[PDB]
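Dock chains B, A and C with the ligands against chain D, hints included.
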Amino acid sequence: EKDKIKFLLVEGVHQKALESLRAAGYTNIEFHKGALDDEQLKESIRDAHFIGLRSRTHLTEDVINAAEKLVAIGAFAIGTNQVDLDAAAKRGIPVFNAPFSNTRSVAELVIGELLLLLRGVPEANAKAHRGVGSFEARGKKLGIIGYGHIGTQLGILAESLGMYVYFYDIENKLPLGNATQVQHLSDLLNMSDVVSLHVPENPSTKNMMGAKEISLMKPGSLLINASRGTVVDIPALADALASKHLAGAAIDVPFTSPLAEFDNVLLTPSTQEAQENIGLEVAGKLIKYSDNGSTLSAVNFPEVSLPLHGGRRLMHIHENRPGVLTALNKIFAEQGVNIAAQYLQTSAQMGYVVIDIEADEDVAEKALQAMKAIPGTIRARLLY
Amino acid sequence: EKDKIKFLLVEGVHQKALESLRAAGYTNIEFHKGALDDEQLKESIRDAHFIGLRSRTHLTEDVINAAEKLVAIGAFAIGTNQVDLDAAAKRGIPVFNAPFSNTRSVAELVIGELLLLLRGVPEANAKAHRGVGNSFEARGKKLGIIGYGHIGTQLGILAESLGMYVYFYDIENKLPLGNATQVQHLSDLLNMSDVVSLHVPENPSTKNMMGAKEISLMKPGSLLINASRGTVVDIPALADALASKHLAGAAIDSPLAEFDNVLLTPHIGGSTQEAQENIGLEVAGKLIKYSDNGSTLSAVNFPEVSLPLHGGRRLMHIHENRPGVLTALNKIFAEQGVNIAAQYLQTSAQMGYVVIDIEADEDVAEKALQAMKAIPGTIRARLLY
Amino acid sequence: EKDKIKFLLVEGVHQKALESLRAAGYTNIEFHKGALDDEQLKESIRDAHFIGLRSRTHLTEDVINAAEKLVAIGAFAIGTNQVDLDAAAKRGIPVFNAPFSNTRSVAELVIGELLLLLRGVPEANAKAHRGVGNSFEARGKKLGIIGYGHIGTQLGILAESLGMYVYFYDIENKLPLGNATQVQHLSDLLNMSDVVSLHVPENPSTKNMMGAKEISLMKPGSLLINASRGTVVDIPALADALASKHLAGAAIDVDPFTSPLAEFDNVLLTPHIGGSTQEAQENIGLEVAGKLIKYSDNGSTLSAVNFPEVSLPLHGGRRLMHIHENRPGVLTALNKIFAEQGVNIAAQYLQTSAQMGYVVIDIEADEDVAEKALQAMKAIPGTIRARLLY
Amino acid sequence: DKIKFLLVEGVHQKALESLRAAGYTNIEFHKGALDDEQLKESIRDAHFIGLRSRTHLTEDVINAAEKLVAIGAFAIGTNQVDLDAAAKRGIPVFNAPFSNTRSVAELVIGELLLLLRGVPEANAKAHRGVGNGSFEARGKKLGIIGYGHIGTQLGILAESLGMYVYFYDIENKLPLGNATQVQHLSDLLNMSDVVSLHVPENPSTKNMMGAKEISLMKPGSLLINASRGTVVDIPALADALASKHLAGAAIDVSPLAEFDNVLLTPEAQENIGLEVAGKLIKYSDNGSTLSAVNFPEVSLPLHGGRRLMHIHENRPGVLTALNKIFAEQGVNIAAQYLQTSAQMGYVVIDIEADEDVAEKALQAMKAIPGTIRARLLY
Ligand SMILES: NC(=O)c1ccc[n+]([C@@H]2O[C@H](COP(=O)([O-])OP(=O)(O)OC[C@H]3O[C@@H](n4cnc5c(N)ncnc54)[C@H](O)[C@@H]3O)[C@@H](O)[C@H]2O)c1
Ligand SMILES: NC(=O)c1ccc[n+]([C@@H]2O[C@H](COP(=O)([O-])OP(=O)(O)OC[C@H]3O[C@@H](n4cnc5c(N)ncnc54)[C@H](O)[C@@H]3O)[C@@H](O)[C@H]2O)c1
Ligand SMILES: NC(=O)c1ccc[n+]([C@@H]2O[C@H](COP(=O)([O-])OP(=O)(O)OC[C@H]3O[C@@H](n4cnc5c(N)ncnc54)[C@H](O)[C@@H]3O)[C@@H](O)[C@H]2O)c1
Ligand SMILES: NC(=O)c1ccc[n+]([C@@H]2O[C@H](COP(=O)([O-])OP(=O)(O)OC[C@H]3O[C@@H](n4cnc5c(N)ncnc54)[C@H](O)[C@@H]3O)[C@@H](O)[C@H]2O)c1
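Protein chains in written order, with the authors' numbering: chain D, 7 to 139, 146 to 265, 276 to 291, 296 to 410; chain B, 7 to 140, 146 to 264, 279 to 410; chain A, 7 to 140, 146 to 265, 275 to 410; chain C, 9 to 140, 145 to 265, 279 to 291, 299 to 410.
Please note that a few of the clues may not be correct.
[Claimed, not checked] Here are the computed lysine-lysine pairs in the BS3-like style, where the Cα-Cα straight-line distance is at most 25 Å:
| no. | chain 1 | residue 1 | chain 2 | residue 2 |
| --- | --- | --- | --- | --- |
| 1 | A | 314 | C | 218 |
| 2 | D | 133 | C | 256 |
| 3 | A | 153 | D | 153 |
| 4 | B | 185 | D | 185 |
| 5 | A | 133 | A | 96 |
| 6 | B | 392 | D | 356 |
| 7 | B | 314 | B | 75 |
| 8 | A | 314 | C | 185 |
| 9 | A | 22 | C | 153 |
| 10 | B | 152 | C | 185 |
| 11 | D | 152 | A | 152 |
| 12 | D | 8 | B | 185 |
| 13 | B | 230 | B | 153 |
| 14 | A | 133 | A | 39 |
[To be verified] Here are the computed distance ranges between Cβ atoms for each label pair:
| no. | chain 1 | residue 1 | chain 2 | residue 2 | range |
| --- | --- | --- | --- | --- | --- |
| 15 | B | 203 | C | 192 | 13 to 23 Å |
| 16 | D | 133 | C | 247 | 42 to 52 Å |
| 17 | C | 215 | A | 257 | 57 to 67 Å |
| 18 | D | 219 | C | 151 | 32 to 42 Å |
Note that these hints are calculated values from the structure, not bench results.
A virtual CB, placed ideally from N, CA and C, is assigned to each residue, including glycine.
Isolated chain D (complex conformation):
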């Protein structure tokens, strides 16, 4: 929304990212197919309002402090280990990544794994390669644990394969297609011919699939954990495979070493069709942060976003010290200006707040100046 806002994109992010940026009115783009050298990065990033990078660019504390106009960082990938998160945060610079771009990919893999495991293909294949010398998926029940981005897309594909889909989730969800939410996990485990996990990594899920749960699964069933974490007690999984209670499994990958001996287990390890989704996803985050201040899904920043309801919108980033918010609201109160919406979120170190006001530019601009002055302020900006 201004050709003065410079976007520096390196390591060759997908073209759709550029298409998205231009459609939103941001055409001041410096593009690079490969990584920049230290000296090249420093001079290109110096006046960049935004930088988009992948895995090879190292955004160290020094490079960041060197950038004098940096507003936000877009990690066009899932990982952000190449970016110094804390350094960016201290300067009020959010880092966005692409957390859901691999959704479809994981769903397809699960389908491929269950189809072959159900037929005992992995074991037959390993023996064939050594010189040594089974059911249809349709009509079978798939039990999905975690019915979110991946869980829902998987259920859709499973139904297309003629499977009956059931899911367990700690939250009530709207079923897509003929899927059925099962309230008790043990009930899901009992019915399921195939069980697939798609939950996040947290105390709630730590070893949720232990000896007991695996014991609850149907005799001859399959356990899939296509996306890597710590949700499955590997030793317990190994015992159930050795005992043959489970006819096979697929686990994302030592730690899985106990499974290496099993021919009926599939062990599987940002360079494919993911680039388009990533380009669209991350450019979108940069665009929205620029236009409306949304930090939803930022990885090193308090998360906030507010619907577009007209009026003027300002944003304030500050060290989380008592008195800042009081100073902020005072600016509008002592002036009789009304606040239509306000959303503040904090961390131990920082506080981020977006405010919608009913006023004209003059007042808005004036308010912005006062805001920047408030002690503890890191950055302040008038969004519209």
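Chains B, A and C with the ligands in isolation, oriented as in the chain D frame:
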């Protein structure tokens, strides 16, 4: 989550709602299979903190103002015309409906409508019934979806199953389902589509968004579908495009009664029988979360607020929208010596609602609560946890 | 696949048809965007071995007999009202149409009908256009398919994708696709179905198979769809069932036959059904061009509309074909001919009709003997035409 | 109906259901396989025998039979049956050709999904301790060669996964869904990200996928052969794998054992039961030998009238004799379908006549030299 919080459910909402309420720790439930007479409703709702009803129960201003403990209203259906929204709002009472349980039926409806419209069936059928004597496959056709949310995504899935190519336009990037493709400019989506279906909310950004200009950008001989909305399409313009034959047909909802190639579906806000379970789950969920964390997401007569749960203490304040409320709040926490961890204030009409998370002990939180209730213009405030 | 084989195509058949012919080695093609006048037609179809036409071409006996090289006619459409079937048959000229090109289109139509009928849209729509003022999801419902053939099968696939449970009744055992289930007894399929769709041909076994008794057997509040045909459903019984509300609605392909239904707002009457646009045109083009190619190369008359149907698998050797009047002695004459040449018949397929017979014969012999047999076969009394396919 | 049905190795209850459905009662069932002594005893008066992969139906056992009309192999196909001995006796052997269609289509989907992602190789390495392809299926093109039972069901599943389906066949096929026929094999091969073969085993398919065909395939593509034949030239495929021209493959079972990016593979008994039992019944009723594995295939449309069938040694003069019989009797032949195999000849003849005229032609047909058997079907 207390067992003293009374839930009054009338007109026989699905048993799943009760199970859900019980699972959330709410067991103080009065349940009736049907509607009650004016006398019974008044007696039953007098001490009800929450009421769940359907289309028959008339929750009028009188009834509302008489219910002295009412905290929230849940319409276990889509419509809320039987509920006096403004009356409830004035009392700081949000009204929740079931905005998503009927997602699937709207998607199925659009598929049925486009399939027949494409073949010219509505027109051929109307003439056939009048005695007057008298097409395209959907397969390989492009479906343009405006608003890729709950309905758009499900519609896209069904359309791809019919062999159609799905493209969509939205005001933000959306993760696509199947082979659906996002299109950055609305004009481009309109240009390429053989069928355009609208699935967006009602609000200044969508009022008449499909006007004479947008409709003329649609492909010649295309179809426009507005399955369940309100004021998104400029009717005069649509009639004009139909008369000129720019569009081969449409489905909506008049000046359109003259067109045999237009399907008119008088009121669709009706929830299906198969959806009663989902509705019970959906609306009970809304009441529960409002009661527990103050979320007013999806409320139909209230500013929408929702703050992630990060422990600590949480307070909520409903008031007359005006400058100085927030400042009045800051001073109270300052005097009380507490820092605000998170805050979310939204306004709608002449009303303001704000949820505040603070780190403080029970006593301090209560003292803050009493002060907050004394702020002039305050409608009500409570300590959620 | 020689070059002396001419293809006359009028009324602009789809390019796919030509691509198909060429790929098959038939390049001698005379294309025309539209129909030709009586003078031009006779002039063009003069030395044409094959002709492909549509609806705007009248192939009369005069035109046909005028043609001295015509071996087969391609009607790139469903109907063949425009061609003199008997005249072609008398000349030993088979007529091929596009029997299954509209399969997908009908299956799509059924889905659209049941979706709207299930929600009561036809009725609400009719009332709305009149000023008068004013429902179940398809997902989870059971679809009962009577006749699991071309359409039945594609319909079932679309229904399952819509989340419906598919069951079908057919007089012959079928390999179900997806989760489809074959039901042995009609009464059973009829009792369990929320929607029943008919996709059977018009023969004695189907004549009014859906009578008052069958309809009464249907689940109360169900839908009946017959999106093609005309003799499988008893309209009077249907109207009664709709009047009593035993059925919630219906879709019937339409007319004195459907008049009893005109008063029902919850019934969809749909005329034109057979020949969409470029899309249906592409299927048709590929289908009929294929028929012509197969007839030319191996003598197959499967699906011909005015000819005995014969089709013999390709097993090498020499292939001859003989078209004749159904008079006695022809079959005997054929044998005698091969005995004298001391040739063995590997396979023979003869089929007949009114007063005409068609036989394809596979023999073991050198071209030399083949051609000698061909000439002999042509001299058989009652012979209309004979050819050496390969 | 003195039509005894001997069933061994325990065929699914459905076969029994089916036979009964057609009145055909009299069923000697044996959950297990009988032996030489008992087998000859039970098969002695057996009209139809149903067996699996273990029964050894030798020339002796068959010769032992005296009323055997057909043999139903309720399995992947013929097994320990002396097909040749069976044919000599004018006895067709029916198997279950399309019963596991769905199963093969599902297998191909599973294989291409993993191969596209390089999982086979990654998995092989992971099981050897080593650590370290990869693409989604949606948006990719699947090239099917042989658009028949399996090909069509495969296309349906492929499209549901978001793939674009193209197929090549030797005749025009009605496409299901968005499947598109491609006229030239070379075009199909080059455009495909995945090629799967579903063609019959015969001369026109033997090694049809050679060095030339494989070189025409897109670089980094996958070749899948679930067929039960030798359609692919392994030596050529191996070369294409070593050179990385192909990113992987899946084949039924070696030179490919060295390739980690190659998949090597080996209750539905209900289908088999209903399919095979269905062949046995149709043959008894209308004489159809469609799909028989050791018999000329003949199938004639039921158009009323009388239907006579004749099985004979392929001696010249049989057809001459047959047609002379009807000629002399002044009986018109409505339809006639004769097909032959290396040793046998089978013809079905439809005529317009009453019982009298029929049985008259039947006795004369039985008297022809080379006759193995002849029956009045109806
Ligand atoms: N989607 C992607 O692109 C991607 C990429 C890499 C890794 N992952 C990983 O895959 C997993 C799932 O990802 P997603 O995108 O579908 O996540 P998601 O957030 O959309 O859904 C996770 C689901 O799990 C449910 N859940 C949480 N705790 C649960 C519990 N204890 N029991 C049952 N259900 C519970 C949640 O309510 C939610 O519906 C996560 O571990 C994620 O980190 C996803
Ligand atoms: N889901 C149901 O059961 C149901 C029942 C009756 C009526 N409706 C109506 O259908 C509409 C959409 O419902 P939904 O469930 O899909 O809602 P939703 O919130 O899930 O999705 C609406 C989508 O519209 C997009 N959008 C918003 N403003 C837009 C604009 N100006 N231009 C383009 N896209 C825009 C949003 O980003 C979002 O993705 C609403 O008007 C709703 O009242 C829904
Ligand atoms: N497929 C098309 O393109 C097309 C175009 C125009 C009209 N039609 C009409 O649609 C109908 C069906 O067409 P189709 O292409 O699927 O035909 P089809 O021949 O493929 O299948 C008809 C099915 O009906 C079954 N059947 C026959 N008699 C039966 C009986 N008495 N009871 C139960 N099942 C019986 C048959 O076994 C077969 O499976 C026919 O009336 C046909 O004329 C089809
Ligand atoms: N369907 C099953 O259950 C099953 C089980 C085991 C093995 N098989 C094997 O799979 C293969 C195909 O099985 P199906 O059931 O789909 O057979 P099918 O007969 O239904 O289809 C084979 C298809 O191949 C086409 N074709 C023939 N020769 C061709 C050629 N040279 N090039 C291209 N296409 C050609 C045919 O026209 C036909 O459409 C066969 O080898 C069969 O023995 C099938």
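Going down the list of hints, with the structure as the test:
1. 314/A <-> 218/C: Since the Cα atoms of residue 314/A and residue 218/C sit roughly 23 Å apart, the hinted pair holds (cutoff 25 Å).
2. 133/D <-> 256/C: holds, 24 Å
3. 153/A <-> 153/D: Between residue 153/A and residue 153/D the Cα gap is close to 19 Å, so the pair holds against 25 Å.
4. 185/B <-> 185/D: holds, 19 Å
5. 133/A <-> 96/A: violated, 55 Å
6. 392/B <-> 356/D: holds, 23 Å
7. 314/B <-> 75/B: The given pair, whose Cα atoms are some 18 Å apart, holds under the 25 Å limit.
8. 314/A <-> 185/C: Status holds; Cα separation ~13 Å.
9. 22/A <-> 153/C: This hinted pair holds, its Cα atoms lying about 21 Å apart.
10. 152/B <-> 185/C: holds, 22 Å
11. 152/D <-> 152/A: OK: residue 152/D and residue 152/A at ~19 Å, within 25 Å.
12. 8/D <-> 185/B: holds, 24 Å
13. 230/B <-> 153/B: At roughly 11 Å apart (the allowed maximum being 25 Å), residue 153/B and residue 230/B satisfy the hint.
14. 133/A <-> 39/A: Measuring from Cα to Cα gives roughly 45 Å; hence the hint is violated.
15. 203/B <-> 192/C: 13 to 23 Å: holds, 21 Å
16. 133/D <-> 247/C: 42 to 52 Å: Because 23 Å falls outside the window, the suggested range is violated.
17. 215/C <-> 257/A: 57 to 67 Å: holds, 60 Å
18. 219/D <-> 151/C: 32 to 42 Å: About 37 Å separates the Cβ atoms of residue 219/D and residue 151/C, which means 32 to 42 Å holds.
In this structure, the hints that do not hold are numbers 5, 14, 16, in rising order.
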